[PDB]
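Given next are the chains, with one letter for each unit.
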Amino acid sequence: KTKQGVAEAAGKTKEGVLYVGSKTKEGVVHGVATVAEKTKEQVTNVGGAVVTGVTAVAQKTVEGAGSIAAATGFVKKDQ
Amino acid sequence: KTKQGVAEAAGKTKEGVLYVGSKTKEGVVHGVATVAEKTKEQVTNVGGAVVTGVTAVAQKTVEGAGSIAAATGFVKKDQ
Amino acid sequence: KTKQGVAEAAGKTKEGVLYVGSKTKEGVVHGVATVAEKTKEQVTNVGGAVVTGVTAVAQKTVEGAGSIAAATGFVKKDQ
Amino acid sequence: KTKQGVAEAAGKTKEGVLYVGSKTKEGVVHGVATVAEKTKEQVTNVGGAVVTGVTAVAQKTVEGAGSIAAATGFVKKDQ
Amino acid sequence: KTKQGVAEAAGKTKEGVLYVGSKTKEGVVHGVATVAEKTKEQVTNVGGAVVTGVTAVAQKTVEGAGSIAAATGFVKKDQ
Amino acid sequence: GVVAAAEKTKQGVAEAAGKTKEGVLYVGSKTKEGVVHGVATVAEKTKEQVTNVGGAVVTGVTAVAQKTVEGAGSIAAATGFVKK
Amino acid sequence: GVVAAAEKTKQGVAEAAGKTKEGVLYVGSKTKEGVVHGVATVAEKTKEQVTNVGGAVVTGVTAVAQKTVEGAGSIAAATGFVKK
Amino acid sequence: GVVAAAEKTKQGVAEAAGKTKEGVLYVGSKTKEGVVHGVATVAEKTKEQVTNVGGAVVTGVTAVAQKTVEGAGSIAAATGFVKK
Amino acid sequence: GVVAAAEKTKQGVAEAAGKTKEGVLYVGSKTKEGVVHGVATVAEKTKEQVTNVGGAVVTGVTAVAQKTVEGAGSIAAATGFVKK
Amino acid sequence: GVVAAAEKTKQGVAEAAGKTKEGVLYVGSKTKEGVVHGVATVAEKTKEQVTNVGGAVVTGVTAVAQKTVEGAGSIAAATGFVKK
Ligand SMILES: Cc1cccc(C)c1NC(=O)Cn1nc(Cc2ccccc2)c2ccccc2c1=O
Ligand SMILES: Cc1cccc(C)c1NC(=O)Cn1nc(Cc2ccccc2)c2ccccc2c1=O
Ligand SMILES: Cc1cccc(C)c1NC(=O)Cn1nc(Cc2ccccc2)c2ccccc2c1=O
Ligand SMILES: Cc1cccc(C)c1NC(=O)Cn1nc(Cc2ccccc2)c2ccccc2c1=O
Ligand SMILES: Cc1cccc(C)c1NC(=O)Cn1nc(Cc2ccccc2)c2ccccc2c1=O
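Residue numbers (the numbering used here), protein chains in the order written: chain A, 1 to 79; chain B, 1 to 79; chain C, 1 to 79; chain D, 1 to 79; chain E, 1 to 79; chain F, 1 to 84; chain G, 1 to 84; chain H, 1 to 84; chain I, 1 to 84; chain J, 1 to 84.
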C-alpha cells in the first residue's frame, strides 16, 4: 500500500453532536487581488513580448514529466 | 506501506460535542495582493521580453521529472 | 513502513468537548503583499529580459529529479 | 520503520475540554511584504537580464536530485 | 527505528482543560519585509546580470543530492 | 483653473479634474462584524428557577450576534418612562 | 492654477488635478470586529435560583458579539426615567 | 501655481496636482478589534442564588465581544434619571 | 510656485505637486485591539450568593473584549442622575 | 519657488514638491493593544457572599481587555450626579 496527499478523519460518539470533515488542496491558486489606481502605462513593442496583466495558473498532473505550468512573456527563437 | 503528505485525525467520545477535521495543502498559492497607485511606467522593447505584471503559479505533479512550474520573462535562442 | 511529512492527531474523552485537527503544508506560498505608490519606472530593452513584477510560484513534486520551480528574467543562448 | 518530518499529538481526558492539533510546514514561503514609495528606477538593458521585482518561490520534492527551486536574473551561454 | 525532525507531544488528564499541540517547520521562509522610500536607481547593463529586487526561496527535498535552492544574478559561460 | 493639454502626438490623453473625492473599495477582502463562531455547551443536570416581576431575564444557553448602525443593541433592558 | 502639458511626443499623457482626497481601500485583507470564536463550556450539576424585581438579569452560558456604529451596546441595563 | 511640462520626447508623462490628501490602504492585512478567542470553562457543582431589585446582574459563564464606534459599551449598568 | 519640466528626452516624466499629505498604509500586518485569547477556568464546588439592590454586579466566569472609538467602555457602572 | 528640470537626456525624471507630510506605514508588523493572553484558573471550593446596595461589584474569574480611543475604560465605577 502507498498513501500520498491523503486527508483522513474519523470520529465516534454515543450521544451528542459529531462533526467529521476532510479537505484536500492540490495545485490550487486562491485569493489573488490586484488594484491599479491612476496608473500610467506606455508600451512600445517591436517584435518582442510585453506582459503587464494578472496571470493565475494552477496545474495538477499525474504521471506527467516535462510539463510546464506557466510560460509568460518570452521570446523563443530556437534553431 | 508508505505515507507521504498525509494528514490524519481521530477522535472518540461518549457524551458531548466532538469535532474532527483534516486539511492538506500541496502546491498551493494563497493570498497574493498587489496595489499600484499613481505609478508611471514607460517601456520600450525591441526583440526582448518585459514582464511588469502579477504572476501566481501553483503546480503539483506526481512521477514527473524535468517539469518547470513557471518560466516568466526570458529570451531563449538555443542552437 | 515509512512516514514522511505526516501530521497525526488523536484524542479521547468521555464527557465534554473534544477538538481534533490536523494540517499539512507542502510547497505553499502564502501571504505575498506588494505596494507601489508614486513610482516612476523607465525601461529600455534591446534583446534582453527585464522583470519588474510580482512572481509567486509554488511547486510540489514526487519522484521528480531535475525539476525547476521558477526561472524568471533570464537570457539563455546555449549552443 | 522511519519517521521524517512528522508532527504527532495525542491527548486523553475523562471530563472537560480537550484540544489536540498537529501542523506541518515543508517548503513554505509565508509573509512577504514589499513597499516602494516615490521610487525612481531607470534601466537600460542590451542583451542582459535585469530583475527588480518581488519573487517568492517554494518548492517541495521527494526523491528529486539536481533540482533547482529558483534561478532569477541570469545570463547562461554554455557551449 | 529512526526519527528525524519529529515533533511529539502527549498529555493526559482526568478533569479540566487539556491542550496538546505539535508544530514542524522544514525549509520555511517567514517574515520578509522590505521598504524603499524616495530611492533613485539607475542601471546600465550590457550582457550582464543585475538583480535589485526581493527574493525569498524555500526548498525542502528528500533523497536529493546536488540540488540548488536559489541562484540569483549570475553569468555562466562554461565550455 | 485646471488645464491639461496634449498637442502634436500620435497617442495622447488629456484629463483635467477640479475636485476629486475617492471612496471605499474592497478587492478580495473578508469582513466579520458581530459574528459568533464555534460555541459548544454540554449540560447534564441543570436546575433553574426564575421568578420575574416587571423585568427582563435572559437565561439558558444564549448566543446573540448583533450589528446595529444607527440604534442601540441590548440583551436585557428593564427600564421605565422612556420619553421623546 | 494647475497646468499640465505635453507637446511633440509619440505617446503622451497630461493629467492635472486641483484638489484630491483619497479614500480607504482593502486589498486581500481580513477584519474581525466584535467576534466571539471558540467557546466551550461543560456543566454537570448547576443549581441556579433567580428572583428579579424590576431589573435586568443575564445568567447561564451567554455568548454575545456586538458591533454598533452610532449607538450603545449593553448586556444588562436596569435604568429608569430616560428622557430626550 | 503648479506647472508640469514635457516637450519633444518619444514617451512623456506630465502630471500636476495642487493639493493631495492620501487615505488608508490595507494590503494583505488582518485586524482583530474586540475579539474573544479560545475560552474553556469546566464546572461540576455550582450553587448560585441571585436576588435582584432594580439592578443589573450578570452571572454564569459570559463571553462578550463589543466594538462600538460612536457609543458606549456596557456590560451591567444600573443607573437612573438619564436626561438629554 | 512649483515647476517640473523635461525637454528633449526619449523617455521623460515631469510631476509637480503643491501640497501633499500622506496617509496610513498597512502591508502584511496584523493588529489586535481589545482581544481575549486563551482563558481556561476549572471550578469544582463554587457557592455564590448575590443580593443586589439598585446596583450593577458582575460575577461568575466573565471574559469581555471591548473596542470603543468615541465612547466609554464599562463593565459595572452603578451611577445616578446623568444629565446632558 | 521649487523648480526641477532635466534637459537633453535619454531617460529623465523631474519631480518638484512644495510641501510634503508623510504618514504612518506598517510593513510586516504585529501590534497588541489591550490583549489578555493565557489565563488559567483552578478553584476547588470557593465561598462567596456579596451584598451590594447602590454600588458596582465585580467578582469571580474576570478577564477584561479594553481598547478605547476617545473615551474612558472602567471596570467598576460607582458614581453619582454626573452632569455635562
Ligand atoms: C434598545 C433599548 C431598549 C430599552 C431601553 C432603551 C433606552 C433602549 N435603547 C434605545 O431605544 C436607543 N434608541 N433610542 C431612540 C429614541 C427614542 C426611543 C424610544 C422612544 C422614543 C425615542 C431611537 C429612535 C429612532 C430609531 C432608533 C432609536 C434607538 O435605537
Ligand atoms: C442601550 C441602552 C439601554 C438602556 C439605557 C440606555 C441609556 C441605553 N443606551 C442608549 O439608549 C444610547 N442611545 N441613546 C439615544 C438617545 C435617546 C435614548 C432614549 C430615548 C430618547 C433618546 C439614541 C437615539 C437614537 C439612536 C440611538 C440612540 C442610542 O443608542
Ligand atoms: C450604554 C449605557 C447604559 C446605561 C447608562 C448609560 C449612561 C449608558 N451609556 C450611553 O448611553 C452612552 N450614550 N449616550 C447618548 C446620549 C443620550 C443617552 C440617553 C438618553 C438621551 C441621550 C447617545 C446618543 C445617541 C447615540 C448613542 C448614545 C450613547 O451611546
Ligand atoms: C458607559 C457608561 C455607563 C454608565 C455611566 C456612564 C457615565 C457611562 N459613560 C458614558 O456614557 C460615556 N458617554 N457619555 C455621553 C454623553 C451623555 C451620556 C448620557 C446622557 C447624555 C449624554 C455620550 C454621548 C454620545 C455618545 C456616546 C456617549 C458616551 O459614551
Ligand atoms: C466610563 C465612566 C463610568 C462612570 C463614570 C464615569 C465618569 C465614566 N467616565 C466617562 O464617562 C468618560 N466620558 N465622559 C464624557 C462626557 C459626559 C459623560 C457623561 C454625561 C455627559 C457627558 C463622554 C462624552 C462623549 C463620549 C464619551 C465620553 C466619556 O467617555
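Among these hints, one or two may not hold up.
Stated by the list, open to error - Pair by pair, the computed Cβ-Cβ distance ranges are:
hint: 1; chain 1: J; residue 1: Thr31; chain 2: A; residue 2: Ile68; range: 53 to 61 Å
hint: 2; chain 1: F; residue 1: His37; chain 2: B; residue 2: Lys14; range: 24 to 32 Å
hint: 3; chain 1: F; residue 1: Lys67; chain 2: G; residue 2: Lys8; range: 57 to 65 Å
hint: 4; chain 1: I; residue 1: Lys21; chain 2: A; residue 2: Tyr19; range: 48 to 56 Å
hint: 5; chain 1: G; residue 1: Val69; chain 2: B; residue 2: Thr2; range: 17 to 25 Å
hint: 6; chain 1: D; residue 1: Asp78; chain 2: G; residue 2: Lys10; range: 20 to 28 Å
hint: 7; chain 1: C; residue 1: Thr2; chain 2: F; residue 2: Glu22; range: 26 to 34 Å
hint: 8; chain 1: D; residue 1: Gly66; chain 2: B; residue 2: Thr2; range: 38 to 46 Å
As the list claims (entries may be wrong) - Derived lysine to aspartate or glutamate pairs resembling DMTMM-like cross-links, with alpha carbons at most 25 Å apart:
hint: 9; chain 1: I; residue 1: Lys47; chain 2: J; residue 2: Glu22
hint: 10; chain 1: I; residue 1: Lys83; chain 2: H; residue 2: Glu70
hint: 11; chain 1: H; residue 1: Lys83; chain 2: H; residue 2: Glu70
hint: 12; chain 1: A; residue 1: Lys3; chain 2: D; residue 2: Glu63
hint: 13; chain 1: D; residue 1: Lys40; chain 2: J; residue 2: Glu22
hint: 14; chain 1: A; residue 1: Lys38; chain 2: F; residue 2: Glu7
hint: 15; chain 1: A; residue 1: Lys12; chain 2: G; residue 2: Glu48
hint: 16; chain 1: H; residue 1: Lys30; chain 2: F; residue 2: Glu7
hint: 17; chain 1: F; residue 1: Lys8; chain 2: A; residue 2: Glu41
hint: 18; chain 1: B; residue 1: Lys77; chain 2: A; residue 2: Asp78
hint: 19; chain 1: A; residue 1: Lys40; chain 2: D; residue 2: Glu63
hint: 20; chain 1: D; residue 1: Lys1; chain 2: D; residue 2: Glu63
By construction, these hints were calculated from the structure, which means they are not laboratory data.
For each residue, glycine too, the CB sits at the ideal point set by N, CA and C.
Contradicted hints - numbers only: Hints 1, 5, 6, 7, 8, 9, 15, 16, 19 are the ones this structure does not satisfy, whereas the remaining hints hold.
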